[PDB]
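Presented below, as structure tokens, is a lone chain in the form solved without ligand UDP.
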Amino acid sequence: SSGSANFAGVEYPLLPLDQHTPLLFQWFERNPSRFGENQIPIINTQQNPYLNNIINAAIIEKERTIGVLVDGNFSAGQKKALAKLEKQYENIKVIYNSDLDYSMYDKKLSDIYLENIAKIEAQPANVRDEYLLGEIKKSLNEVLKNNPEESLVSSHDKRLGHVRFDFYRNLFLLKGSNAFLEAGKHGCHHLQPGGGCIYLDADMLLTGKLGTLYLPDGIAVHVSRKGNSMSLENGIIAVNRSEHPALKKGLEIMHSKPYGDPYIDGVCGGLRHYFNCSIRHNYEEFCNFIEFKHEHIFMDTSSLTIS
């Protein structure tokens, strides 16, 4: 009726993401002291003009709510600078990650390990992952000895680098438009409960309005191409509704896999299971089917050099 896309002998209707589906940027700062005590604690050099890229997207998309999910040990003056950024740009909403309740998506590590110890033991010995079974029992022992209430959220709260960003990115997108309402952001134009969200990496420059997008079952992700290879990525994630069952599938993998990675399993694994991009299927065909394509999204150029 409004479009249709085919992958692995299954039809997926192209579902619309209206022009008021909010945009999401994410800045988790590990050293806020590198910025001045009265500066917006987002990197903004000429190598990484991330704050400028976020503003330019907010300037282009006037009517659309622009979300910025932040985290870190910011000084009081840095939070006022962020508070003033929300004042200069009416559509910019700064959401602190600590203000959101993710407990409904959480699971105890001891629960995951026990399930897998039972699951692997039921497999005959000639097929059991013997190395993994010992590792899980080892992981369970350390949880019971050091932090028996450790959960996916608490364990990921302690990690460093991208794995903790990627973790909360998937969870925010499951909240979707509700996250802005939960965070108490007033006046978000046409923001509806149950609505979707469009995450964009901060090193990408939006040069024109996205308009209305039409994505298979209302989801699409970035597909990066390096050399002669392509790969599913989380640099762009667009969903047309909250709790999108594909992202929910990625979380379900996190709840059943012993050492689930928020990127490999929460995004790539969830997408491949959801659309049946099996090991025997054409990964290249899936990439073209699921790829977020838009003329007005521009890749970072500062990356580049001779060759």
Second form
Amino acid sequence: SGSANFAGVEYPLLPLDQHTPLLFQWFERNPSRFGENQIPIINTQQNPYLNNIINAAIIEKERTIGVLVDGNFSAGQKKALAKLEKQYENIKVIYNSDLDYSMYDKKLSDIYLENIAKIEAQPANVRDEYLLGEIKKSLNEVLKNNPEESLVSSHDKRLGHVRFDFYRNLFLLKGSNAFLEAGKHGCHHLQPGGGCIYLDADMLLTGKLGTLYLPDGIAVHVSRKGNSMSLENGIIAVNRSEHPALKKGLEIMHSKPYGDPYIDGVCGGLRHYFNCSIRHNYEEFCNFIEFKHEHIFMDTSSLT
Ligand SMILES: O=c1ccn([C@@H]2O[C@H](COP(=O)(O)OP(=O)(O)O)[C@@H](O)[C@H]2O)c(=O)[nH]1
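Following the display of the form solved without ligand UDP, present the structure of the form deposited with ligand UDP bound.
Once more the chain from above appears, this time first in line as the rest of the complex follows.
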């Protein structure tokens, strides 16, 4: 279609056809909270995430709906997830452990040594001696306890959103391919190397999305609270696998000693790719990259 503008560089609007799969994510830290034979996805009045996922499947009947799950689920809870796959044809439950992320991994000792040499290749006047000391202390901890600790194995041990955001970016790098790697059958219109549209489980679909047009085939959620705006990872849409914006975000985490999956893997990758530097208008970049669709009621866990 048309084009989109950021400062003086112009970007073609690439399509995300109506068969681009949707992606929901639920990593359950305490599966025993649910019934032994109950679908282990939160479904309260407060947080009706399972209902929001099913309702998206009912609206997008011919579009594949991926549900990336993880957790120490009981045997009866995994059969409940299989029954969910039966009732709703387009829902594809993908276990995060069933995917191979090793091609995006890097050893922590390599990252630390690279940064120790780089910080030490500077004179005493520009040396960040506090950062230098912390990196050697992180490296010392790895060599003493887990010398083969990697970005994946380290994030696999973390508690909280930092672990969800980490695997979320890697899945989106795989894109549609992740469904074929997990062996999900009957996706029909899924193309190898195709895109994906991640949504937070509190983002409710009210109508069909149709075909989207995003600058270079990528757009993310822009949250507005009070009078502020911010890039967010509650929605990430890509038209192809290994999108260079998400690849650059992972590249930042391969070069930073303590890279964050959200701030560096998403916000850093987008701003580096589209050249949203210190000199640029952060608000202008948000309007240019924002994921807009009136058929999505965004962020309803902020009270709705
Ligand atoms: O126990 C949890 C909590 C959250 N999430 C995922 O993290 C997303 C963000 O949830 P939340 O709205 O609490 O985070 P916030 O948007 O405030 O960062 C959810 O949509 C889920 O996909 C998850 O997998 N497990």
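Residue numbers count along the first chain shown, from 1. Heads up, when I say rigid core I mean the largest set of C-alphas that superpose within 1.5 Å between the two forms.
With the rigid core aligned between these two forms, the listed residues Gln123, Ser154, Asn73, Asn141 include just one Cα displaced by at least 2 Å, namely that of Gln123. With a cut-off of 2 Å and the rigid core superposed, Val10 has a Cα displacement that falls short of the cut-off between these two forms.
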